[PDB]
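One chain comes next, on its own, written out as structure tokens in the form deposited without the partner chain.
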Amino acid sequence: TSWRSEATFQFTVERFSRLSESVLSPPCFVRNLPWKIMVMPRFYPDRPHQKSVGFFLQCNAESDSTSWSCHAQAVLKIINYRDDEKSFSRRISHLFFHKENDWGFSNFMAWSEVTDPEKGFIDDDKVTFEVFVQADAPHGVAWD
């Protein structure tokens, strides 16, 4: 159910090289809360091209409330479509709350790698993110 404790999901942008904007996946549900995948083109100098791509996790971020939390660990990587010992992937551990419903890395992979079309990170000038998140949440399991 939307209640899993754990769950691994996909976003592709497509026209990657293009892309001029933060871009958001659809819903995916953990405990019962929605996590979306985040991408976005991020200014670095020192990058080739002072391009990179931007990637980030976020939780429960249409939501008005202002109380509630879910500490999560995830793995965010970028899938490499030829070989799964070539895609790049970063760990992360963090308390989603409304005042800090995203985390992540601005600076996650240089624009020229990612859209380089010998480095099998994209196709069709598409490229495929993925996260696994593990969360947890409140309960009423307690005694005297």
The other form holds:
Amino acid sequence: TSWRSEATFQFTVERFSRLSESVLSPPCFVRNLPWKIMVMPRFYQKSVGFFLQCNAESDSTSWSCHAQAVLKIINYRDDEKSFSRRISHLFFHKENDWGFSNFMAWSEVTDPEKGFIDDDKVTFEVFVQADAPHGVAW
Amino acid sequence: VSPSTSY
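Just the form deposited without the partner chain so far, so send over the form deposited with the partner chain bound.
Everything in the complex follows now, all chains and molecules, and the chain you saw is the first one.
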């Protein structure tokens, strides 16, 4: 159920080579809160910005949720070559997302010979393990 | 290299 303490979800960004603004995935519910993948072009040299967002649309300023997660960019040719980084963060209204502005080089992810991009699509994945939130379901 | 918010 949505109360699950962990989950793995993916989001495929299309027309990736042409990305110019931040894109958000639909929500995946964990601990009954909406978690989303956020991707955007950055420049450390261009790089892929990859963040995990939590409960960002809520007007509440009383909530908080500590979570650990594995942010991964899927390599469709070989799963063992997927690029991953781990995070640990206390999510709350003032810091509702966390990740890396320079997750990996843009030139690498968009290289047709590396295996991360196909038909200009790149798939992002997040495995999140969150603790029970505070200031939500009193 | 280092994590942060998207801000």
